[PDB]
Amino acid sequence: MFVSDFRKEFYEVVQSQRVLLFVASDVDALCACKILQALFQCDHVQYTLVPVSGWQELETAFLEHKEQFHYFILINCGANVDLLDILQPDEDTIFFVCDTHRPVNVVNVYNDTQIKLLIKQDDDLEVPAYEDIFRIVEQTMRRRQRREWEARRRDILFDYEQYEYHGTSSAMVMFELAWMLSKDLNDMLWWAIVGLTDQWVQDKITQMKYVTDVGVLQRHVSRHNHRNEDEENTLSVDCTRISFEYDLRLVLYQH
Amino acid sequence: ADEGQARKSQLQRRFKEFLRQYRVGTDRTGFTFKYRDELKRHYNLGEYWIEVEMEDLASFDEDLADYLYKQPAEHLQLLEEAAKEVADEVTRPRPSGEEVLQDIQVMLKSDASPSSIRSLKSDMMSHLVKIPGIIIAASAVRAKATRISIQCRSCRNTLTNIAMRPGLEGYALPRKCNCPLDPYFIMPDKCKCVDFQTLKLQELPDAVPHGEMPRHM
Ligand SMILES: [Zn+2]
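In order, the protein sequence lines correspond to chains X and P.
Under UniProt numbering, read the first sequence as residues 1 to 135, 164 to 283, first letter to last.
Under UniProt numbering, read the second sequence as residues 21 to 198, 207 to 245, first letter to last.
There could be a bad hint or two in this list.
[Claimed, not checked] Have a look at the derived ranges for each label pair, beta carbon to beta carbon: (1) P:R40 <-> X:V45: 43 to 49 Å; (2) X:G243 <-> P:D83: 54 to 60 Å; (3) P:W69 <-> X:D215: 55 to 61 Å.
[As the list claims (entries may be wrong)] Non-contacting residues of chain P with respect to chain X, defined by C-beta distances greater than 10 Å in every case (computed): (4) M74; (5) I154; (6) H238.
By construction, these hints were calculated from the structure, which means they are not laboratory data.
Beta carbons: idealized from backbone N, C-alpha and C, even for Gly.
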């Protein structure tokens, strides 16, 4: 399914439980974890952090922990494939996915019990409608039409799952969540900025989308750091300050 | 002339606020005053020297760490005269046996790429340089008068507290006593002295352009 609001559907369910966090290995996912951590250590929510690196290790990890816990969270892993089969879970287990990969697999979208998605649907998504891809002579006369339906399905799949790309970074969804609760700080803003900058560094998003997201984040940066308008002389020098720069493209030139 | 000391009394005050305020460490863990603590812990042991780092000086006040690269002679003095006014408000009251404030030799290191002896063109005259090498010699330590006092010969007039300049440069004794032409001699009883050596630095072996004997400084 698609989570409509993150407060009352994702957070305030796992708020009183013992969750298990699977984490991929990329700067985007690291910065998307380090905010969720700080959002759990603030409300005394027992979590557990398992660093995975592939599908074999994710399966091995799900093998051992799949009876103690019955909540799960996957971060930048498992939104472009099908989930209810590679893991083969039980019925009363819940999965949250907060991945960037695209496009989201089909069944993961029409499965509104076990695989919830924290993906803001206002991204570049065009998921096919429901029945377009999911289920005497008159018998054959109509089962030929169902065969036509299957033939259309074999094509619309090839239409939809042919190009892979990336949406808004995880460390921005998590930051939207952490701002809703009114528990955002600078330290949770720097990790948002880094988790965004990393995609543009590794060239997985378009310059248009990058500048749009920078335009978003600058309002937050100014909301936090502008409150020190003229008191920048009586603020402690040992306290982080984030600033917007129009700066060179040379790599690491300051060191 | 009159703006000279008025600038200095404003530099010797910004070099003092650097030692007195520069901290390290973040806000999550906890901080540490880096140079007050070393001044105190080196004074109480009886060492009298700190090791200021140029990156810190740059990151605190950007103008000072530039003057220090351009006019190191007449600014190291202000630095070493502020290190002495900070080491006073940190260790006092000194217990019993010492109550005269010593003098703090401010060394300084850096993390910057080194030049080489073959790259000392005359446009680098009186600029901080940073060169590697290999010690090749070592003189025996000697004295070097720092604060000297003279006396006339005939009329026995004194003119004391005269301060020598550092480095290898002497002093020009007057000839106008206010007595014969040069009536002034040195009073050996009243002249503070400090040690000084003189080494000899040879250039690294893997940087000779390979036709000759390495040069030294
Ligand atoms: Zn005389």
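A quick look at each hint next to the structure:
1. P:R40 <-> X:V45: 43 to 49 Å: 44 Å, holds
2. X:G243 <-> P:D83: 54 to 60 Å: 35 Å, violated
3. P:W69 <-> X:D215: 55 to 61 Å: Violated: the Cβ-Cβ distance is about 39 Å, outside 55 to 61 Å.
4. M74: Since the minimum Cβ distance to chain X is about 15 Å, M74 of chain P lies beyond 10 Å and the statement holds.
5. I154: 29 Å, holds
6. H238: Non-interface label on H238 of chain P holds, nearest chain X Cβ at 33 Å vs cutoff 10 Å.
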